[PDB]
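Submitted below is the structure of interest, expressed as C-alpha cells.
Apart from one protein chain that is not included, each protein chain of the complex appears where it belongs.
Every chain is named by a letter (A, B and C) in the order it is written, and numbering of its residues begins at 1.
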Amino acid sequence: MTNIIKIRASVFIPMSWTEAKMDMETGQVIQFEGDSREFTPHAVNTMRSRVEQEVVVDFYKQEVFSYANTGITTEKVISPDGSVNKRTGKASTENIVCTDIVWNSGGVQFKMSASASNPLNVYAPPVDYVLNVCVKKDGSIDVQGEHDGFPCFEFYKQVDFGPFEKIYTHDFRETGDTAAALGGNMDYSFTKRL
Amino acid sequence: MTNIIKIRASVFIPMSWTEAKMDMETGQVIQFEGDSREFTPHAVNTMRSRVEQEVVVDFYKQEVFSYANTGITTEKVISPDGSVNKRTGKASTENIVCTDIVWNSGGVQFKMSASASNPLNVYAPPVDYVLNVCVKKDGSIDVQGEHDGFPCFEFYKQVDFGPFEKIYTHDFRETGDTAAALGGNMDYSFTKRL
Amino acid sequence: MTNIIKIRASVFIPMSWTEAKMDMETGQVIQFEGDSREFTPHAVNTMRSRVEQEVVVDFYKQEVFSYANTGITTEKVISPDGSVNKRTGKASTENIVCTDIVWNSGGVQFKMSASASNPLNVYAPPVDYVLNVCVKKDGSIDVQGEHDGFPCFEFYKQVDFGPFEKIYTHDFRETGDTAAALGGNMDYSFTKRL
Partner (left out) sequence: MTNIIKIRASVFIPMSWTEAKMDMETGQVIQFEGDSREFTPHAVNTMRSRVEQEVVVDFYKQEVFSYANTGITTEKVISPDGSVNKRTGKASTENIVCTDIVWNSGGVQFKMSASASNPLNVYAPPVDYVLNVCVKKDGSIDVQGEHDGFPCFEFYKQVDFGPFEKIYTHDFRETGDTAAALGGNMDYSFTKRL
C-alpha cells in the first residue's frame, strides 16, 4: 500500500558562531562555525548541520537503506597579533549507523545511532542520539529517542515522496541547555507515535 | 664493581595552576593544579608530578624492579560570581610500564613507557614518553628517548646510592611549546650517554 | 682626547601583550601591547620601548644633549561575544628629563629622570627611574640608579661611535616581579663604574 518511508535526523547549531573561548596560554580567542539556520527538513547535503542521517525503509524492495554525514567544522582563531585564521576539518562518519534491522510480517525495526565529535578540538565530548524506531507496513511509526541536551535536534518522517512531518525537535536555547550537555550521558529522551 | 643503578623519570607542570581557559559568554574560568616547583631529582612520593617512574637495575641480584605513579588531578572552576569549585581525580597507572627487559653478558636493556591521561576529561590526550635504556655492568648508560613537547620532563641516574646525575631535561617554557603538544605524536627525541 | 659619550636608557615589556585582566562586571578581558623583544641597545626610534632616553655628553663642544620618548600604548579589549577592540594613546614626555648638569675640571655630572603614565589606564601608576651619572673626561662613567621592579630596564654606554657596552639591566621575570611594582617607591637600586 505504502512503499517508501524515510526517517531524517539532523543535529545543528543555529548561530553563526559558537560561544567564544579564550586560552590565556596562547592569547587566542576561538570559535567554531555554526549552521546559521532555523528548523527545517529541507537541509539535505546543504552542509548546514553537524550531523545528518536518513534511513529509508523500502517495502516494495524489502530493504533498509541508510545515509550518514557530518558537516564541516571551521575554527576561527583570532591571534594576539590581531590576525584571524580559519582551519577546516571534518568529523568521521564511522559512528553514524543504522543497526539491528529486524523484519516481521507487518513492518521492520532498527536503531539509528549517531556519535560525532569535533575533529579540531579533541577535548570536546561527542554529540550523541539513539532512536529505536519501529515502522509498520501501514505507514505509521513508533520512536524511542534519547539525545545529549545540546545543540538543536530535529527528526522527521516522509512517506511515499510526500510532504515532511515533524517527529520531534529539541531547541537548547529554549531549554536552558549548553555545550556542557554534550558530555555526560544522553540527558533527554522522548516517545512519539506518528 | 657497581651494584645498583636507578633511572628516574618525572613529568611536571612547574606553575601552581595551568594557564586559564575562559568561556566568554558565561565568564567561567577553568584551571588545573600544577606542581609549583622547578627541576629537581628529589621529588619522589611528593605528589609534585603528573607522572613519576623509577627503574632500578640490581646487578647483585640480577633483577630489575620498577615504581610508577601519577599525581592527583585538580580542576578549579571560578564562576562569574567568584564562587570557586574544585574536583579531584587520579589518573590510572596502568600504562606506566617497564617492558622488554633483556639480560645479556654486558648488562641489561629495557624500555620505559609512560602514558597518563586526564582522569577528569576522558577525551583529553595523554602525556607520553618512551625511554630505551641500556645499562652496563660498570654503570654506563645509553639512552634514546622521545616525549611530548608539554609539560616538563626530567630524567636522572643514580648509582650505588650516590648523588643524582642529570640525563636530560625538557622545559616547555624554553622551547615555546603548549598544552596542544600533548596530542599528536611525541615531538622531541634525544640521545644521551653517561 | 675622547670626544663624545652616550648613555641610553630603555624601559620595555618583552612580551607581545601584558597579561590579561578580567572584569566580572563588564565580562571583558583587557591587555596592553608589549614590545615583543629582548634586551638590545639597537632599539632607538623603533617604538619598541615604553620609555626611552639618550643623554649625550660632548667634550669637544662642552655641551649636554638629551633625547626622550615614549612608545604608543595600545589597549586591546575582548568582549563577552568575542569582538575585539583596540584603542590607542601616547604618554606625555614632559617628565623624561635630564637635569642638574654640573661641569668640573675633569668631566660632568647630571641626573636622568624618567616618569611615564599609561594614557589609557589612569589606574596605572607611572614607571619610574632616576640615574645619577658622572662622566669623566676620559670616557669612564660612574652611575647610580633606582627603578621600579617592573618591566625591564636596560642602560648602555657608547664611547666615540664605538661598540655599545652594557651598564645595567633589570629583568622582572628573573627577579619574580609584578606590574604592582609600578606603584609605591622605586623598588630596586644599583651603582656601576665602567
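The definition used in the following text is that a contact is a pair of C-beta atoms (placed from the backbone, for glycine too) under 8 Å apart; a residue touches a chain by one contact, two chains touch by 3 or more.
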In the full complex, the chain left out is in contact with B, C
Residue, one of C:124, C:134 or C:194, that touches the chain absent here:
C:124
List the residues of chain C that touch the chain left out of this view.
18-26, 122-125, 178-179, 183
Across the whole complex, list the residues on chain B that are touched by the chain not included here.
16-17, 19-20, 29, 78, 81-82, 84
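In the analysis below, only the chains that are shown with their structure count from here on.
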Let me have the rounded angstrom distance from the C-alpha centre of chain B over to the C-alpha centre of chain C, please.
42
Sequence positions of chain A contacting 2 or more other chains
20, 22, 24, 29
